[PDB]
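One chain comes next, on its own, written as C-alpha cells: the form deposited in one PDB entry.
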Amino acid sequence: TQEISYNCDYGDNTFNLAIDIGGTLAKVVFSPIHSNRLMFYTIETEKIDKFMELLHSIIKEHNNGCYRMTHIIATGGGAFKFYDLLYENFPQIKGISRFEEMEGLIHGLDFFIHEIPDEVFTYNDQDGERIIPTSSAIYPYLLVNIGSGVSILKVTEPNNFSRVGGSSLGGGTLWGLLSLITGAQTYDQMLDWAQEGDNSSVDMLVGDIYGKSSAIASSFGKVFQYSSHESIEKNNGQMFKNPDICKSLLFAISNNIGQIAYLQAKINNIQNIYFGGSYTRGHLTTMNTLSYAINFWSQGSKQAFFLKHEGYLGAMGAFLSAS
C-alpha cells in the first residue's frame, strides 16, 4: 500500500502499531522491526470486528504473528471507547498505550512538515501542484482536521497547541447527505459525480437573485421552489441530477469549512492553514475549493496547504510516542 522510507528507532526491539480510531475510519501507522519503512492503512470502524481482524492480519503478516513483541498505541476517540476492548481482543500483546487525539495530530503534522520530503503541497486549478520544501516561517499555523466533523487546532510553537474551534459540518455530513439523496455507495462515486456536476440547477447564484455571477447565494436554494384534491405527487415527483447535487453539497461543505478556517486564521493572526483528515483524498476539485476559499477571503494573504498523508496525522503522532 502507501509506504515512506524513514530510519525509525527500533532500540526497543518492538513492533509499534499505531491506531487512530475515529467515529467512522480507523487509520494505522506501523514499521516492521528494522525495515526503515513507515506503512499506512485505512479501514471503516463500524463492524469493529472486521477492524480488530485487520490488526490481527498486520501482526500475522508484518511481525511474524508475534503479539509478545507488538505494542499497540491507540489515538482518536475510540482510544477510550475501545482501550479495554483492545486488551480483550489482544491478550498476549506486549502492551497498549494511549496518545491524546489533538497531541497526536500535531506531533504527526510536525513530523511530516520537518522530516518527510514531497509531503506538504499547495494545489489550485490555475498553478496545479507545488511541493513546499518544509523538510529542507512554519509557525504559527492552523490545522483544520476534516473527518466526520471538523477540529481546528492553533500551533504557535513546536509543543504549544490548543483546539480553537470546530464544526459538526464535516466529511460525515457530506457523505451522509449525498448517500441518502443519491444512493451513491462510495465517496469516489460522489466525487466522480460532483466532477461533472453543474450546481447551478440546485443552487441560487448571485445572478439568479439579481441579474461574480457564478457566486453561490444559497446552496440547494432552488430545490424547495381530509383528501379532496389531486395527490401532491407533482412535488414528490420533482427530479434533480445526482452530479449537480454532488457538486452543490461538495461546494457547500467545502466553502463553509474554508470560511470558518479563514475566520479562525483572522482571529489568531495566522497565515498558514493545513488541511488534514480523510476529506480531500487528493481530489483536485475539493483541494481547489478549499484553496480558493482561503485565497478569496484573504485576497491571497493566507495560504491553504495539503498533506500526502493527511489521514495519518494522528496515527503518526501516536507511533512516534512509542519512542
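Residues that one form lacks are left out of the comparison. So that the term is clear: the rigid core is the largest set of C-alpha atoms that superpose within 1.5 Å between two forms. Positions refer to the first chain, counted from 1. Compared with the form deposited in another entry:
Per-residue Cα shift between the two forms after core alignment stays below 2 Å for all of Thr156, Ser162, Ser168, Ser231 except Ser231. Identified as moving between the two forms on the superposed core is the stretch 226 to 238 alone, made of at least three consecutive residues whose Cα atoms shift by 2 Å or more.
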Second form
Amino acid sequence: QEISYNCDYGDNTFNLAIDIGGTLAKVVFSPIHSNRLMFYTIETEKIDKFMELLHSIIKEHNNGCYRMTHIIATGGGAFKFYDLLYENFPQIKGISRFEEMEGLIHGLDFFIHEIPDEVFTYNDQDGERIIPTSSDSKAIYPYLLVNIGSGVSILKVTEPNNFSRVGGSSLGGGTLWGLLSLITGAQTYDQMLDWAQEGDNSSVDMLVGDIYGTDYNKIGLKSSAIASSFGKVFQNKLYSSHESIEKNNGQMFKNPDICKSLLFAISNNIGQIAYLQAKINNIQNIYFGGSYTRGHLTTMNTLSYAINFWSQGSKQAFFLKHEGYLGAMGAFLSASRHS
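Condition change, the form deposited in one PDB entry to the form deposited in another entry:
Partners and other molecules omitted; one chain follows.
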C-alpha cells in the first residue's frame, strides 16, 4: 500500500527497515529515486520465508545490489534475529538496530505530519473520517499510542521528541489469536475476524440484561452491555488441543460466537486500559497502531466505542492506514538521515 513521498536518497544506500515483533515482521523500503515508500508484512515463523522476502526485495527493487543495502532492525525481535540477519546477508553494507520506542514514535509523528489521508476516525454511525493532520504543535500533542502486537505497548508523546512508555498489557493480539486459534481452529487472523463479524457474542457472554432483567441505569449500563465475557460457558489428561476441545464439546458453542465474544473482550479491555492511561495523563487523542485492527470495521467500531463510552465523549480513537508500519517507518527515517 505504497505512498508517494519525495525522499532524500543521500549516497544512494538502499535502506531496508524491518520491525520484528513476537509474531510479525514489517518491512519498509524505497527503491532509489522512486519516491515511493513500500510496505510488506510476513510472519516470522518460517525464517526461510522471511529471509527470502528480504532477498527478493534486494533483487527486485535494488537490482541485486547487496553491497549498498543497509538493513536496520527494530521491534523487540531486532536483538533475537540479529545473528540470523548477519548470517543471511554476509555481503551487505551494514546492519544496525534502532530502539523500539523511538522507532514507533518517529514513525508515527512522520505519518501524522507528512502523509495525507493516513489518520482517520471510524465508527458504525459516522463511517470513516480522514483527519487532515499533515496540514501545529498544540493541535497534535499530547497523544497516546496504543501499539497492539503480541502484547500491548502504550507510549505517551507530549511534544516533538518528548515521549515515554506507560504501562502496557499482556492481553493483546497474541492473546486473541492464541485463544481463538486453539478454541475455534481458525487458520488465519483474517478468518477469525470474518467469523467474529458473523457471530453473536450473547450466546457465550452474560449481558447486563441476562443478570438484571433490564438496564442498570444507576451504574450507566444498558441491558446489552457485556457483564461477563465467556460468562455463559462454564455452567453449560495432561494435554488439550483443538481436536480434544472439539471431541469433548461438539457445537454447543459456535465458532462465530466465540470469535465475536473474545474480539469484544480483548478490544474492550484494550480500549479501557487506553482510556485509563489517557485519563491519568490528561490526553484526549488516542492512536491505535500495530496489526490488530487491519481496517476491520467491527474491530475499529469496538475500540472507538470503548474510548467514547469510558470517556463519556471526552476522548477519541484514531486509526492509521499504515498502523502496522510505525516502528519500521521510524527505523527507515533514521537510516535515511544517516545516508
